[PDB]
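*Asks:* Listed below, chain by chain, are the residues.
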Amino acid sequence: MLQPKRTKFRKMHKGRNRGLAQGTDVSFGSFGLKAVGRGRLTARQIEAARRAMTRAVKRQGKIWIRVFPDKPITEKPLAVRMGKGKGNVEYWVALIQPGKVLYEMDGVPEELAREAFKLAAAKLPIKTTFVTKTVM
Amino acid sequence: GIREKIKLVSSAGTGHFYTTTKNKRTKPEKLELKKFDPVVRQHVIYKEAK
Amino acid sequence: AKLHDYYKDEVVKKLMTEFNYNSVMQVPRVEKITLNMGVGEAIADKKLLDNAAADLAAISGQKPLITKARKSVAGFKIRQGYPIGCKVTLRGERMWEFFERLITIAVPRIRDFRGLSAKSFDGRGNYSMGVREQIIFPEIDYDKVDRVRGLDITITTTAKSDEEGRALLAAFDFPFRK
Amino acid sequence: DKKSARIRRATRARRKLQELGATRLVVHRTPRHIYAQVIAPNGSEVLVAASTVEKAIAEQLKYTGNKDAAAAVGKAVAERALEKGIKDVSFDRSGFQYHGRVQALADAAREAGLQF
Amino acid sequence: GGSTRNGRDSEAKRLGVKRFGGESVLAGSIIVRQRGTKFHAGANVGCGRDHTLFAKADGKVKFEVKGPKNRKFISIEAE
Amino acid sequence: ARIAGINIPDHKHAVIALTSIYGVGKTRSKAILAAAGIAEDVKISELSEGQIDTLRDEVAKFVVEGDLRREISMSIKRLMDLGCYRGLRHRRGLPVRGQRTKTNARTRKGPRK
RNA sequence: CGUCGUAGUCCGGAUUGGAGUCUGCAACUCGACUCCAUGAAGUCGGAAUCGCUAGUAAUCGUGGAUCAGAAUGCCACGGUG
RNA sequence: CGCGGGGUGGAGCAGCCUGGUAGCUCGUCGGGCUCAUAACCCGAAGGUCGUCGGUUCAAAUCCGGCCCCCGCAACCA
RNA sequence: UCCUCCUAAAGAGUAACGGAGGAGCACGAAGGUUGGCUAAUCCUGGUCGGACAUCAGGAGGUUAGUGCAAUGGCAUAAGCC
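Residue numbers (my numbering), protein chains in the order written: chain B, 22 to 157; chain U, 4 to 53; chain W, -12 to 165; chain P, 16 to 131; chain X, 99 to 177; chain R, 81 to 193.
Just so you know, these hints were derived from the structure itself, not from any lab.
Any given hint might turn out to be false.
[To be verified] Taking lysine to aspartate or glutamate and the DMTMM-like style, the derived pairs with C-alpha atoms no more than 25 Å apart in a straight line are:
id : chain 1 : residue 1 : chain 2 : residue 2
1  : P       : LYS31     : X       : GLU109
2  : R       : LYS157    : R       : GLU138
3  : R       : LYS123    : R       : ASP133
4  : R       : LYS157    : W       : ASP99
5  : W       : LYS147    : P       : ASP103
6  : P       : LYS18     : W       : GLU18
7  : X       : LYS170    : X       : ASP148
8  : W       : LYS165    : R       : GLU151
9  : X       : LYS160    : X       : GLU177
[Claimed, not checked] From chain R, some residues computed to sit far from chain W (all C-beta separations above 10 Å):
id : residue
10 : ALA81
11 : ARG82
12 : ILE88
13 : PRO89
14 : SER128
15 : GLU129
16 : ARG136
17 : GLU145
18 : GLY146
19 : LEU159
20 : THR181
21 : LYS182
In this text, a Cβ means the ideal position worked out from N, Cα and C, and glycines have one as well.
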């Protein structure tokens, strides 16, 4: 399961997304995904999406992932009132925007991300899909 | 800082006594440095403290 | 004290009559020995070197001086300003004066005497002539029982390669091995 | 680079002289030569100098790196200083020691006239 | 957690800025804890215990572009 | 003056610091002392410069210390490569004195604090 | 008589290779004797305790048995006491 | 809630605070006393000093984390 | 109560039980000043040497250090002789 390295500081700030940022050129492979939308992505979502692909791709590839959790989130008991204060770290998250490629592939010809992505898109936010390699 | 004050004596007639707070926790030796006083204005020799 | 006369007459210099060198600035030259004598575990004695203070100047033509440490706490015990050795460095005439006892009369103790191995050679032809421990030379009051310490000697050259630094081993004879 | 250490000592001096501006006397020496030059109050050019290159010294001195040759330049730059009336002149030693040939030059410059 | 404090009241800002009046002495730059990023050049110097490049003569600032790469000096103008 | 001894004691007979150490043996190393004018009964001090030149003359006749230990060590290291009985017993810490490790192997074992 | 100390010693030479010498299918492994060389341990010794009344304790040599080929163990002998 | 301690060859705790540095009484095995085991006197072996790191020339101690325990304890809409 | 870096908005003080930490002292020397010096770390090799040991060479450097904290700077050294 995905559990990122302990942060230098005990807690972090969540931060705002600009909802664009180009990152469409594949550099760990030759093809990937289309994002075309904006939102928040969690560690459990990218591990559940990895599970969906791991079950369909068996051991071929591997597949490289350009999204990784960036922040831990603070969580506390539900009954604590509004005011004081921030709890301990629980789940880890990242931000996604239209120019992201998310996942990068090359060693998996025609059995992943070439005809459909529906089975992995069902685990994710922003109704994602596959992309074809950019050559010109 | 929380250290003992002891004033140096002049070897001659002088209206001032220079106040020392010299640490004596590793240095038992005496302090002799010369100071200025605005009366005779030819420097004063100060002795015997801590 | 005669090497100073011969090193100026032909030793690695008559070479210049058959090889393409217009000055001694392209030929091998020897002018330095950066001597040292270590104290080792002397901090657990602290009384013998307190009286053997000129015992390195007994073999070197310069003024004795105790070297002070550059380390204040160590896993072998040291203290700030503790004396850690003695140098009594050889250059020029005192280096040629000192070299006249090396290999010629330094034979009271041996460990190979056929050339050992070319350590610290620097790719130039830097030659070993050390004795590991002092062997005692004839001067004054040298026949008695007296203690001896660690002594190692390398003769370093201005040559550019051991192909040309070896012109010294073509002017003198000493046992050599690579 | 032991040559650069002399230049560092000159950077120290050049920075220290920069707040003075004004007329400046620079002394420079080498193992065979010595010279001294007076720099203008705008810093952009020389006014007068003395150097062991002149046949007035170089034909009379048996070696130009000598003490008496440093004194010959000191006694010439002091003589040319009196010709151009220079006062409030700040001294500069080009990263060298003052002791030795720069002192032996200065000692004779204050023998040919005013201090210096 | 908490107790990170930082404390209260500190400034040392905006005094080394724009056109000067050229008739009293000026700080030139009051940037905090200066040891080599700026320094002084030309006829002026500043060696104060609070790292101020305060000029000791009356004049205006040059806002000079000379000096090696990212090291630029506090200097007074000729007028 | 000394020729083969390295220990500190002074003014002894010409055998204790002259023979039976590091490689010099005792069989030919003592016959040379009469040519140097040195007596072998009762403590003596006649070995100095001059006398010792008669002893510094002996060259290439014997070997001492690490080069004599090299001679035996290589003469066992050639066997430690092989399946020989003394090969493994010098590759591993095992006795060769025909010992009973039930009773006495004390030199090969050690303390016995 | 000569010689020597409070030093793991003049010593010791226990250990480790290389040569040999003997007996014997055979001594590699488990045998003895020898030589040139190398080289370590031992300077009273755990809680605690052992034994007899004079040629006894204490201590040094000599012999035999076993045996193709070795004992320091086994059985005996005398000197000093 | 919140507060204050403990974690030390196998067991249970001194040690720490005061820096020049790994232990005691038992335990385990083997002895000594004995016909023998206990009582009792000796001999021997083994510490991630919970444990990951930090800090320092330098610790188990300085000190953050990740766990395991106890004592006061829930004495407020 | 005091103090740094940041939040704090390319003009300034600055909020919320905001973010990383400290200060109630230290040093008569660790202060003044002249001239110098230049790390660190690692590799090489040198009896007594468990193990870091010496002096010299090579690579190499706003990377060593700065009384203490966080921060900015560093040979014109504010770092040490």
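*Asks:* All hints, please: hold or fail.
*Replies:* Hint check results:
1. As the CA atoms of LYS31/P and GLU109/X are separated by approximately 31 Å, the hinted pair breaks the 25 Å bound.
2. The suggested pairing of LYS157/R with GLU138/R is violated, with an alpha-carbon distance near 31 Å, which exceeds 25 Å.
3. Of the supplied pair hints, the one linking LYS123/R and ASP133/R holds, its CA atoms being roughly 21 Å apart against a limit of 25 Å.
4. Only pairs whose Cα atoms come within 25 Å are accepted, and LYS157/R paired with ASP99/W is accepted, the gap being roughly 21 Å.
5. A hinted pair counts as satisfied when its Cα atoms are at most 25 Å apart, and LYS147/W with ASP103/P does not qualify at roughly 54 Å.
6. With a CA separation close to 23 Å, the supplied pair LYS18/P and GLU18/W stays within the 25 Å bound.
7. Pair hint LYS170/X plus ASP148/X holds up; C-alpha atoms about 19 Å apart against a cutoff of 25 Å.
8. For the suggested pair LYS165/W and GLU151/R, the alpha carbons sit about 21 Å apart, so the restraint of at most 25 Å is met.
9. Among the hinted pairs, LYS160/X with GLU177/X is consistent with the structure: their alpha-carbon atoms are about 11 Å apart, no more than 25 Å.
10. Distance to chain W contradicts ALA81/R as a non-interface residue, since its nearest Cβ pair spans about 5 Å, not more than 10 Å.
11. In this structure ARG82/R is not separated from chain W by more than 10 Å, as the shortest Cβ-Cβ distance comes to only about 8 Å.
12. Against chain W, the non-interface label of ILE88/R is violated: not every CB pair exceeds 10 Å, the least being about 6 Å.
13. Annotated as non-interface, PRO89/R brings its C-beta within 10 Å of a C-beta of chain W; the closest such distance is 8 Å.
14. Distance check on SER128/R: its Cβ comes as close as 5 Å (rounded) to a Cβ of chain W, failing to clear the 10 Å threshold; non-interface status is violated.
15. Here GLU129/R does not stay apart from chain W, with its beta-carbon only about 6 Å from theirs, under the 10 Å limit.
16. Distance check for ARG136/R against chain W: the nearest CB is about 7 Å away, which does not clear 10 Å, and the non-interface claim fails.
17. Consistency note on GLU145/R: stated as away from chain W, yet its beta-carbon is not over 10 Å from all of that chain's, at 7 Å minimum.
18. At roughly 7 Å from the closest C-beta of chain W, the C-beta of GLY146/R falls inside 10 Å, breaking its exclusion from the interface.
19. No beta-carbon of chain W comes within 10 Å of the beta-carbon of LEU159/R; the shortest separation is about 26 Å.
20. The beta carbon of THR181/R sits about 38 Å from the closest Cβ of chain W, which is more than 10 Å, so the claim that it is off the interface holds.
21. Distance to chain W confirms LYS182/R as a non-interface residue, since its nearest Cβ pair spans about 42 Å, more than 10 Å.
Hint violations for this structure: numbers 1, 2, 5, 10, 11, 12, 13, 14, 15, 16, 17, 18, all remaining hints satisfied.
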